[PDB]
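A single chain, nothing else alongside it, follows as structure tokens in the form deposited without the ligand.
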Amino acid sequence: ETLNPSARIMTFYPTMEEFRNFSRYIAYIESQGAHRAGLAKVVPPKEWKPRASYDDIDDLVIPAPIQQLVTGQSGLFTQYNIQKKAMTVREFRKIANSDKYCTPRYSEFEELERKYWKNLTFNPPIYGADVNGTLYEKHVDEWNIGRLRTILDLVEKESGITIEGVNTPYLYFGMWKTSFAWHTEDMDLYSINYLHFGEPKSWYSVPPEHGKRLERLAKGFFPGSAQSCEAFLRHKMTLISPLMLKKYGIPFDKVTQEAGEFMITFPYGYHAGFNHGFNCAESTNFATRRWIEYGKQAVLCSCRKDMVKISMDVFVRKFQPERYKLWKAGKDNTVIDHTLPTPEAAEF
């Protein structure tokens, strides 16, 4: 309870030598208490770059664009994704920077934040989301989202199971007013998120130690949905105003992400936000030893066919062999302490 008592979003500025060991820097920042906020920003060394130039990607194909339709009032909204026909980045850029769709003029980001919550049901934008891809170029060995070096890919090394987006990279091409809803990442994993180029991306975060209180509110407000799925927030369809969070006493923080910066979301950290204008972000999940407990306790999407669901079996068997017989019995009643850092942080 001592490291980051306010539970605010922190920012770290690793040195090139510190930057090179990914898993070890995550253990670092968690020792500093970054995980309590549920979200952290990491700025890479000025020397570092993931790709020489972004000039040559305008023929990149966005196969399944989404038009984001939003109904709702008083701070609470539901977001419907209409899929439109594929288009190339160029076609997207042009659409994004057109005046129908360009960022409104503004001074301070607070005003841009109010414009978002004021006009999010008007003029449904298009989000080139969930594009299978990397923009890293092959040789970049530090923080390559394509190959981050984590215990996560025991999923597909030892069990041979490709979960596209979870342990393969995703691209996001956004424009002004495009949202991602309140959501923890699948299986309550960590996620990483680099913004390659373009306008900023603004994030909201609820501390994992107060996540259950966010869940209670949403159940109250969408009773119909709560009835249908254990974890209806996993549908990534539900948007809640910061005004509503303040009103009902759910703690949270805001942070804006600039081009060239990394965001880390932590297990059972709820997040949401919006893009300021045309940009491109790259994202994948990943894990540490601390995630293993969250993995096990993860409530999942009952609604569906397709829930990303990961066999916990292989992880417990390797890193928790002294509880595997107990767990398999279903009598593993370990209680999670959201403030505790991952064990890898013992050294720091």
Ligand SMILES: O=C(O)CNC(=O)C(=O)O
Second form
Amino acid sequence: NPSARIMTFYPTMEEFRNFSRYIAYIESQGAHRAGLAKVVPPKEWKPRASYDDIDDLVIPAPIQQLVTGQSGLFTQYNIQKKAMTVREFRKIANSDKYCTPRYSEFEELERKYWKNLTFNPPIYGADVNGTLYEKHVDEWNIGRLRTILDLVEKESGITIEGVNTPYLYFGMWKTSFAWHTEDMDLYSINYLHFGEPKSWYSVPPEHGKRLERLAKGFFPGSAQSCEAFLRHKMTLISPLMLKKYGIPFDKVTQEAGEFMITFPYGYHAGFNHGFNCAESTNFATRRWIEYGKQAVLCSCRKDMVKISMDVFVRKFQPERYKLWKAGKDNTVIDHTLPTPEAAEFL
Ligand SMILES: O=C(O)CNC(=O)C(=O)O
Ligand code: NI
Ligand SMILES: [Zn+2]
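Other form of same protein, the form deposited with the ligand bound, not the form deposited without the ligand:
In what comes next, the whole complex appears, and the chain from above leads the way.
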């Protein structure tokens, strides 16, 4: 993947079954270089028999998304609304006020999104603690991926909502996720359970730094008040701005039944097309350990999520533990390099 473009994969069920092993595989094919990959699961795989029974799930903290800005640069402000069922949510999503406009091609819809972003604030059913996987789904169950991320809770008892536990997202048209990498620069997995698509922008990890340097110049206030101000997940930048300032990026549209994977230090943003439901969580491979150790974290206390790297460095990098602890570990990350578990396929 020398061009670092977004790759899509179509595994059989035999290949699908072992999750960490398929991640090692797609990295053996260069997937991680894009920062984002699509995995279309096998036809016979479903995480849930039906979604008919969720009209009464509470969205405890729906968020109205107020967007201020102009000329491709915007900041999103969150207003917490009162708790709402998914049934109340969907009525509002599909009503005339909030529903998806009529469009021909996706490029038309994308245009309307960037034109109308600051108008008619939508509500995002974001960050809902839960899963829509049935108990017995063993393949790619976001509730239990069985990656080395599990060592956090194993060792310490610590669970971090949405990081080592699942989050559900009920979208409506024009609801947004701002530019970010994952907390601790982890991987993420996103499954779109049902509804209208979710569109994604991705910057390759090898160019992530150029993106942060540009964002610092575009929002200099924010930069002086926080090292990692993009971790607040309030910063929207249009693809035309990225392209005007020479940031490589790719785009892709996720459809119901599809998984997206994001990779360590892969900056992504996007928006929902209409009423939908996504489930996501973070995960890790051995390659992530170095990203974790090196992650530039929020210094102003808006983003509190911080994982102790000690257990990972002790277990998987015992040579460098005393050096690392003396603060002498000057390893440079090579973003093109697949995870060690990928040697099997290389
Ligand atoms: O769906 C959303 O709001 C955003 N999802 C992600 O950023 C992810 O899965 O990493
Ligand atoms: Ni993300
Ligand atoms: Zn901060």
